[PDB]
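Asker: Construct all of the structure, not just a fragment, from the sequences and the given hints.
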Amino acid sequence: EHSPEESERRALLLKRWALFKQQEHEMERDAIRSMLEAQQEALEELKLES
Amino acid sequence: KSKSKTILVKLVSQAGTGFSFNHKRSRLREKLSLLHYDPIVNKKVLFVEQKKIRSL
Amino acid sequence: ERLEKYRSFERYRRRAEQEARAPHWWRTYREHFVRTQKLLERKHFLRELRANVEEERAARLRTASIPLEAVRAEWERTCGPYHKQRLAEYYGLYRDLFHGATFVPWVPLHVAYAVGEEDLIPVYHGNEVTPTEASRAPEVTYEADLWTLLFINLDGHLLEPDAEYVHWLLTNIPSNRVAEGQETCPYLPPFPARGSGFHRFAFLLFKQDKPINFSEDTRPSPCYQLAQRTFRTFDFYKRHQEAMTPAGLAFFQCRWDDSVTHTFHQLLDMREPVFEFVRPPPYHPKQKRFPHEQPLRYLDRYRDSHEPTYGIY
Amino acid sequence: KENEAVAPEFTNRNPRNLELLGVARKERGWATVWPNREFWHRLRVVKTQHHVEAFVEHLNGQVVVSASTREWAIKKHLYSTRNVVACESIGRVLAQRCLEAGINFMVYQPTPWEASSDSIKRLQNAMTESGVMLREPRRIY
Amino acid sequence: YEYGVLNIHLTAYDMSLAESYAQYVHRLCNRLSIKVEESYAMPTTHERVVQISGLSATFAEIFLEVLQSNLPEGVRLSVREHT
RNA sequence: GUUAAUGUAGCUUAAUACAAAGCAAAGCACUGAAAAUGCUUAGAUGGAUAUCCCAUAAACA
RNA sequence: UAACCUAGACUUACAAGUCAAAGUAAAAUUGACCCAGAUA
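Chains as they are written, first to last, in the entry's author numbering: chain 8, 105 to 154; chain 1, 10 to 65; chain 6, 46 to 79, 99 to 209, 213 to 380; chain P, 39 to 179; chain f, 85 to 128, 151 to 189.
Any given hint could be a false lead.
Listed below are the simulated BS3-like cross-link pairs for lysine-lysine, each with C-alpha atoms no more than 27 Å apart in a straight line [claimed, not checked]:
{"#": "1", "chain 1": "f", "residue 1": "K119", "chain 2": "8", "residue 2": "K125"}
{"#": "2", "chain 1": "1", "residue 1": "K19", "chain 2": "1", "residue 2": "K52"}
{"#": "3", "chain 1": "P", "residue 1": "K85", "chain 2": "8", "residue 2": "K125"}
{"#": "4", "chain 1": "1", "residue 1": "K61", "chain 2": "1", "residue 2": "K19"}
{"#": "5", "chain 1": "1", "residue 1": "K33", "chain 2": "1", "residue 2": "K14"}
{"#": "6", "chain 1": "P", "residue 1": "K85", "chain 2": "6", "residue 2": "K148"}
{"#": "7", "chain 1": "8", "residue 1": "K119", "chain 2": "P", "residue 2": "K85"}
{"#": "8", "chain 1": "P", "residue 1": "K85", "chain 2": "6", "residue 2": "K107"}
{"#": "9", "chain 1": "1", "residue 1": "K10", "chain 2": "1", "residue 2": "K53"}
{"#": "10", "chain 1": "P", "residue 1": "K64", "chain 2": "6", "residue 2": "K148"}
{"#": "11", "chain 1": "6", "residue 1": "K50", "chain 2": "f", "residue 2": "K119"}
{"#": "12", "chain 1": "6", "residue 1": "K102", "chain 2": "6", "residue 2": "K148"}
{"#": "13", "chain 1": "1", "residue 1": "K52", "chain 2": "1", "residue 2": "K14"}
{"#": "14", "chain 1": "1", "residue 1": "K12", "chain 2": "1", "residue 2": "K40"}
{"#": "15", "chain 1": "1", "residue 1": "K19", "chain 2": "1", "residue 2": "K33"}
{"#": "16", "chain 1": "6", "residue 1": "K50", "chain 2": "P", "residue 2": "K85"}
{"#": "17", "chain 1": "1", "residue 1": "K52", "chain 2": "1", "residue 2": "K40"}
{"#": "18", "chain 1": "6", "residue 1": "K107", "chain 2": "P", "residue 2": "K114"}
{"#": "19", "chain 1": "1", "residue 1": "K40", "chain 2": "1", "residue 2": "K14"}
{"#": "20", "chain 1": "P", "residue 1": "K114", "chain 2": "8", "residue 2": "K119"}
{"#": "21", "chain 1": "6", "residue 1": "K148", "chain 2": "P", "residue 2": "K114"}
{"#": "22", "chain 1": "P", "residue 1": "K159", "chain 2": "6", "residue 2": "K102"}
{"#": "23", "chain 1": "8", "residue 1": "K119", "chain 2": "P", "residue 2": "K159"}
{"#": "24", "chain 1": "8", "residue 1": "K119", "chain 2": "6", "residue 2": "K148"}
Simulated from the structure, these hints should not be mistaken for lab results.
Answerer: Have a look at this one:
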């Protein structure tokens, strides 16, 4: 059975683990929007051309 | 008419006052023992089923 | 389909409550029945709290505690008066005292009724204090540097509904010390009538720009007459509105008590008034000669005396 | 004696006069809507994600006592927003204000999941130990 | 015109294995700002569907890269345009 | 320089008051998946007036 | 045991039985009456 200190350590790494995943998702989440918007912007450019 | 699920029985006071009331119970269950208000003693007492009146 | 659909009941409930609050064209229930430097300093302190590892761990144990006393004192200074104003408005002090005029309190007034010497019961807003605890005048303390402090029984009047009685009025109070105030009205113990419900008594503090002799408001000491204790705050404040601006509030609710019996008889020298809450008589339709399809109880509803009568017999 | 003169009918103007006695009217309808409105006072806790705010409001719709985590006094001594500890303190602060306000009886209407929550059960524990009653007494007819 | 909704039938020899990818792929799909109207399960091996609505040429390239990386073990991908 | 954009945090014509708000979004726990629920996370007025403003970046240049 | 009472209504030969604001009080596949029984 885990000791409170052992549970204390495991809980702590979850906190930083949560932060690490959050930052990656936010950067990756927004990167997708720019790419989709970028493609739409290019579509507008071709529409202006022809 | 053919269908028959419940039955009507007499619940008689266990206090000896002779007060009785009718209740409906399923035919396939055991005899009812219920705590009901008895006006003669003016307090709740145990009632035990005695006889079946009819098929409901 | 374009709009998203609520994934939980809470999102619907919160939106529904906001929608209900906003007015609508259709009839609704409500209509029918109803500086910069400081901010930088605050952030710096917050950052220090963030850094503290003990506080961080103190929260993971989900048992960390806060000192209520420190919070209470700071709360009064910053945003407490806004809460204080709400209490007076809900209790009806502004409408009953100033005929609807509203004043934001600014002075953190503090009053407490001393019980013996070991401890003193405080008098907060809306607090409950028994008449026995209010047998003697309370201790008043407030941070300031003249002043006038007034005592009222808003709903304790026995003859005129609008009028009210003063318990004691001190005038020309210099700075914080109150012993130098002129005792225009001697202290009287609370006298809420029996069966009359909960009486609200409010303490008022008014800023005094210049010393003014309130000879009209002076009352003989001791005075046991209710006919001379009667007054109105509105006209009294109107006469002195030039030099009086209210800044302090404190009120409590008290019931009848055995001490109230002593107050009515010993010094007020009158029989104690006794009142009872009388509900309106039950509504019954006009009696019919032939109560068709009605029980025998119909006659009993319209009878007054429960004893038999014999008329000529 | 001039003192003996007393009007036959008393006229008490205190809004809480009947409510404190227990004879004041409570709304008994709204059976088809949730929550029930048969309360003289209500405890409203809005967790609004981050911050936690608690209000006390009369049937007339005027808030009486409010405790919020944004308030400068609490936040400086309060580490973090909505959490188990969020109501561990503001609820206690609200209770002291409730005791300060003299409101000993109040009605709380949590939802099933909210009632099962951790920042609400502890809030109820903080209120009950402080002497604030989360269930109001029945009206007298 | 815009890309239609494309369904991915997670077919695996075990329903738990397809479930494991369904849990992760859908987790990444929401991370991909994707809407999953339905998650249908095919009849007995066990195959599971993860509806995906809203695609693009650039979105597909970033999305398919994520889908390949998310592949935990021995799961067979599939891309079919909805009727 | 002419046209034109862009300047509270993904979104908002939330707000300037007694808040720098709400929502979206994120992790873990909870085992069909998803979602919910509980416990947790990260943030802004680059700036004004009730159009200038400089910065930035385009077609003209 | 699933109440009593009581505005206003339903059902109904009569009678009884229903719904129901208020009040009060316990608690927290038949359907009545007449008419016959049982007994007290």
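Asker: Evaluate each hint against the coordinates.
Answerer: How the hints compare with the structure:
Restraint check: the Cα-Cα separation between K119 (chain f) and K125 (chain 8) comes to about 21 Å, which is no more than 27 Å; the hinted pair holds. Our distance criterion of 27 Å between C-alpha atoms is met by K19 (chain 1) and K52 (chain 1), whose separation comes to about 19 Å. This hinted pair checks out: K85 (chain P) and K125 (chain 8) have alpha carbons roughly 25 Å apart, not beyond 27 Å. Between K61 (chain 1) and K19 (chain 1) the alpha-carbon distance is near 6 Å, which keeps this suggested pair within the 27 Å criterion.
About 10 Å separates the Cα atoms of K33 (chain 1) and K14 (chain 1), which keeps this hinted pair within 27 Å; it holds. About 24 Å separates the Cα atoms of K85 (chain P) and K148 (chain 6), which keeps this hinted pair within 27 Å; it holds. The suggested pairing of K119 (chain 8) with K85 (chain P) holds, with an alpha-carbon distance near 22 Å, which does not exceed 27 Å. At roughly 23 Å between alpha-carbon atoms, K85 (chain P) and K107 (chain 6) fall within 27 Å of each other, so this suggested pair holds.
Between the alpha carbons of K10 (chain 1) and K53 (chain 1) the distance comes to roughly 37 Å, so the proposed pair goes past 27 Å and is violated. Pair hint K64 (chain P) plus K148 (chain 6) holds up; C-alpha atoms about 26 Å apart against a cutoff of 27 Å. Distance check on the hinted pair: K50 (chain 6) and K119 (chain f) sit about 12 Å apart at the alpha-carbon level, within 27 Å; holds. Of the supplied pair hints, the one linking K102 (chain 6) and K148 (chain 6) holds, its CA atoms being roughly 23 Å apart against a limit of 27 Å.
For a cut-off of 27 Å, the pair hint linking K52 (chain 1) to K14 (chain 1) is broken: about 32 Å separates their Cα positions. Between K12 (chain 1) and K40 (chain 1) the alpha-carbon distance is near 21 Å, which keeps this suggested pair within the 27 Å criterion. For the hint pairing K19 (chain 1) with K33 (chain 1), the CA-to-CA distance comes to about 9 Å; that is within 27 Å, so the pair holds. Straight-line distance between C-alpha atoms of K50 (chain 6) and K85 (chain P) comes to about 21 Å, which keeps the hinted pair within the 27 Å bound.
Proposed proximity of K52 (chain 1) and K40 (chain 1) is supported: the alpha carbons are some 22 Å apart, at most 27 Å. Between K107 (chain 6) and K114 (chain P) the alpha-carbon distance is near 10 Å, which keeps this suggested pair within the 27 Å criterion. In summary, the hint linking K40 (chain 1) to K14 (chain 1) is supported, as the alpha carbons are separated by about 15 Å, within the 27 Å threshold. The straight-line distance between the Cα atoms of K114 (chain P) and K119 (chain 8) is roughly 23 Å, inside the 27 Å bound, and the hint therefore holds.
At roughly 21 Å between alpha-carbon atoms, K148 (chain 6) and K114 (chain P) fall within 27 Å of each other, so this suggested pair holds. Only pairs whose Cα atoms come within 27 Å are accepted, and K159 (chain P) paired with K102 (chain 6) is rejected, the gap being roughly 36 Å. Between the alpha carbons of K119 (chain 8) and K159 (chain P) the distance comes to roughly 25 Å, so the proposed pair stays at or under 27 Å and holds. With a C-alpha separation of about 41 Å, the suggested pair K119 (chain 8) and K148 (chain 6) falls outside the 27 Å cut-off, and the hint is violated.
In the structure shown, a violation is registered for the earlier hints numbered 9, 13, 22, 24, in ascending order.
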